[PDB]
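Can you make the complete structure from the sequences, with help from the hints?
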Amino acid sequence: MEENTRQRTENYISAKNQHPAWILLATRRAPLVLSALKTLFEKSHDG
Amino acid sequence: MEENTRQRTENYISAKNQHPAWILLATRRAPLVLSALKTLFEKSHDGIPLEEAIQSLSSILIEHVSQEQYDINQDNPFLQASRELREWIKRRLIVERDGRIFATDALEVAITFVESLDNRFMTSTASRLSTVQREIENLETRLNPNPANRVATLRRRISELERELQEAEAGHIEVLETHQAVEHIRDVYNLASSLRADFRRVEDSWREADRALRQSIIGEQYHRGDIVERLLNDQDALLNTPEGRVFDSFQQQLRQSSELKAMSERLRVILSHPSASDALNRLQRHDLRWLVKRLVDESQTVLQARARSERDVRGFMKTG
Amino acid sequence: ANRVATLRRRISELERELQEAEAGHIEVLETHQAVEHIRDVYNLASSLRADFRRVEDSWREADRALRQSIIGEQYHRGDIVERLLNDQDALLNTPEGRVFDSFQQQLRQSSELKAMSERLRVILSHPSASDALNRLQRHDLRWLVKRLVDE
DNA sequence: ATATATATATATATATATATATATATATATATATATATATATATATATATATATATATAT
DNA sequence: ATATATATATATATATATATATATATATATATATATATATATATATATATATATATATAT
Numbered sequence: 001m002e003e004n005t006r007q008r009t010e011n012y013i014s015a016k017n018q019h020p021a022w023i024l025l026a027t028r029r030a031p032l033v034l035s036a037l038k039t040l041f042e043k044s045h046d047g
Numbered sequence: 001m002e003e004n005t006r007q008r009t010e011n012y013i014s015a016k017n018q019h020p021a022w023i024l025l026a027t028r029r030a031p032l033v034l035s036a037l038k039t040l041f042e043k044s045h046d047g048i049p050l051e052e053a054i055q056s057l058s059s060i061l062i063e064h065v066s067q068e069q070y071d072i073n074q075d076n077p078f079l080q081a082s083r084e085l086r087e088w089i090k091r092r093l094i095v096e097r098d099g100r101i102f103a104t105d106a107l108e109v110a111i112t113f114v115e116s117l118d119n120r121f122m123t124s125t126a127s128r129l130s131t132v133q134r135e136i137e138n139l140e141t142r143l144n145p146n147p148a149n150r151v152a153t154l155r156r157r158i159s160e161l162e163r164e165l166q167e168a169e170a171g172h173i174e175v176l177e178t179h180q181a182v183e184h185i186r187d188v189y190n191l192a193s194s195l196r197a198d199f200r201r202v203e204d205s206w207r208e209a210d211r212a213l214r215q216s217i218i219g220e221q222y223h224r225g226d227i228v229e230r231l232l233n234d235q236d237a238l239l240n241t242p243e244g245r246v247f248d249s250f251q252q253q254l255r256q257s258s259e260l261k262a263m264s265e266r267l268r269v270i271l272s273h274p275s276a277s278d279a280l281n282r283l284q285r286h287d288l289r290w291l292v293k294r295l296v297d298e299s300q301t302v303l304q305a306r307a308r309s310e311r312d313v314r315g316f317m318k319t320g
Numbered sequence: 148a149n150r151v152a153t154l155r156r157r158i159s160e161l162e163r164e165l166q167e168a169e170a171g172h173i174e175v176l177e178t179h180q181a182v183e184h185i186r187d188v189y190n191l192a193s194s195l196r197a198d199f200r201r202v203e204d205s206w207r208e209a210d211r212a213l214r215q216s217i218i219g220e221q222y223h224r225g226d227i228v229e230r231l232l233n234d235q236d237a238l239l240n241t242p243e244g245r246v247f248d249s250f251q252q253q254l255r256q257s258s259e260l261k262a263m264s265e266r267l268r269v270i271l272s273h274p275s276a277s278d279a280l281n282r283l284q285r286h287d288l289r290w291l292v293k294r295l296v297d298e
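Residue numbers (the deposited numbering), protein chains in the order written: chain P, 1 to 47; chain H, 1 to 320; chain L, 148 to 298.
To be clear, the hints were calculated from the coordinates, so they are not data collected in a lab. The beta carbon of each residue, even a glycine, is placed where N, CA and C say it ideally should be. Don't take every hint at face value.
[Claimed, not checked] Computed beta-carbon distance windows for the label pairs: (1) L:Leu213 <-> H:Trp290: 44 to 52 Å; (2) H:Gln221 <-> L:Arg268: 26 to 34 Å; (3) H:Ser264 <-> L:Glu265: 32 to 40 Å; (4) L:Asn281 <-> H:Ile13: 54 to 62 Å; (5) H:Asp278 <-> L:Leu213: 23 to 31 Å.
Here it is, written out as structure tokens:
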């Protein structure tokens with residue numbers, strides 16, 4: 001199980017520097033972008 | 001409706017600047033803190049006792065002292081563990097209670113997010129659709145009061161179960177093939193783990209309601225006769241809110257020791273099946289094995305925590 | 148024998164409920180209990196689409212890898228056919244692949260999915276639905292099956 | 001014999017100096033979101049030329 | 001007679017320039033975060049003066 005301990009930190013760091021979602025939530029301007037995007041995408045479901 | 005969008009950006013800025021989970025996610029050192037806390041709390045049944053927390057967190061810090069780019073300490077991992085623990089407590093990210101520290105709701109949300117983030121075994125299994133279908137069946141068949149509808153539903157159900165009884169008696173019973181069974185096991189674990197999800201939201205709601213009551217009590221001239229009823233009406237108002245209502249309904253449902261006895265006996269056999277080891281590793285297997293005890297203990301803890309609010313009335317009404 | 152006994156007792160439970168209903172003691176969900184009972188269903192459904200969002204990516208990556216390896220010179224015609232078959236089978240045997248396969252089996256036995264969508268229509272017409280869920284969520288839960296079939 | 005009153009005993013509360021541990025204000029280093037700039041691409045218009053198809057006079 | 005071939009018209013493509021919007025890149029000012037001096041709190045050894053008290057003298 002010890003791998004699950006250390007390798008997990010590398011998983012999290014790679015997610016922090018790569019995954020778009022976590023990158024977005026970290027930006028200084030996140031809430032405006034997130035609110036605007038949800039407003040756009042809530043009212044229509046086909047694109 | 002989109003008039004609220006103006007208000008929604010304000011709501012999100014407020015959440016960004018206040019909610020501890022989001023602030024944590026935004027920090028430079030976020031992955032280290034989240035990994036350390038996940039490792040620490042993976043083994044908690046109650047709030048982990050403080051001393052155990054310090055020791056095990058020092059060991060975890062030792063695990064990652066190699067990462068010098070994060071300014072990790074290299075003279076006393078025990079002191080570093082204690083310092084980090086108090087720092088996190090200051091961040092409203094973990095709370096002391098009875099000397100046993102617990103994970104606030106913020107950390108639970110952050111951990112669930114980051115865990116769901118990566119490629120992994122996914123949240124839903126192949127059995128999720130069948131679960132939803134069964135639940136929809138029950139919900140619809142119970143929502144409508146038309147007695148003809150209910151009797152027809154029961155007639156078709158009873159005919160189907162008579163078919164199944166005849167089939168099984170004749171000997172054509174059927175069982176889950178291995179890879180179907182593993183998926184069902186995993187879905188069961190995922191459903192079950194959601195019960196713990198909100199034992200910490202309820203306590204925060206109690207805390208805030210009690211704080212609001214005491215704060216409004218600043219206008220002492222109100223009638224204490226009002227509070228002779230407000231003792232129950234606090235719970236009543238939070239029973240108009242989902243928190244108190246659903247938590248107390250959950251308590252009532254959980255108090256039915258017969259169904260819980262059935263659930264425990266069935267958990268035991270499902271976990272004794274060979275594919276259990278396939279579906280779930282050691283940690284998950286133990287966690288599910290005595291989920292019932294976890295729920296009972298932690299709900300008892302929540303009740304004994306709301307006991308302080310129960311005493312709030314004696315701290316308000318009495319002015320000797 | 149365990150299955151036989153379980154059926155023997157479940158049949159008696161539904162017999163008890165049938166006796167209660169025929170006597171006139173039909174019981175509805177308490178007009179507040181039905182509220183949370185509905186958002187519970189919505190929460191269960193909330194992950195079903197989320198997982199398909201990753202089934203999509205898994206298959207996209209499989210296709211891209213196959214296309215890239217086709218430009219690979221080392222492969223005979225037989226090797227490329229083998230790569231296609233084995234990549235598809237491997238993708239299908241992963242958890243998300245099993246999600247897709249179960250969805251496909253349900254499509255085969257379409258009666259149950261149609262019944263589910265009919266039940267959803269009935270559920271959302273109830274007044275309590277408006278209290279439990281805002282309109283967008285009700286819309287999503289109504290056309291869950293459509294969304295999956297499109298995805 | 002029980003009750004008032006005695007010198008000394010139990011033992012601590014308080015006091016001081018000392019160290020170590022923690023909380024704070026402040027300075028300072030690195031990461032960040034954004035402003036400015038040059039080359040690139042887009043589309044616009046103005047004009048020339050190429051092209052297909054036709055009008056007309058012609059070959060045999 | 002039928003079909004050939006050139007001059008003609010018109011629909012389309014190509015060249016060129018203007019202006020605008022763009023992408024890559026540099027540098028800037030901004031914010032997070034770490035490090036530090038410093039003050040304050042927690043705990044401790046050593047000891048005093050104290051309150052409570054035993055043990056105790058004295059009394060009716």
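Cross-check of the supplied hints:
| no. | hint | in the structure |
| --- | --- | --- |
| 1 | L:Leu213 <-> H:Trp290: 44 to 52 Å | 47 Å, holds |
| 2 | H:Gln221 <-> L:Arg268: 26 to 34 Å | 55 Å, violated |
| 3 | H:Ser264 <-> L:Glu265: 32 to 40 Å | 36 Å, holds |
| 4 | L:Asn281 <-> H:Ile13: 54 to 62 Å | 22 Å, violated |
| 5 | H:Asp278 <-> L:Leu213: 23 to 31 Å | 29 Å, holds |
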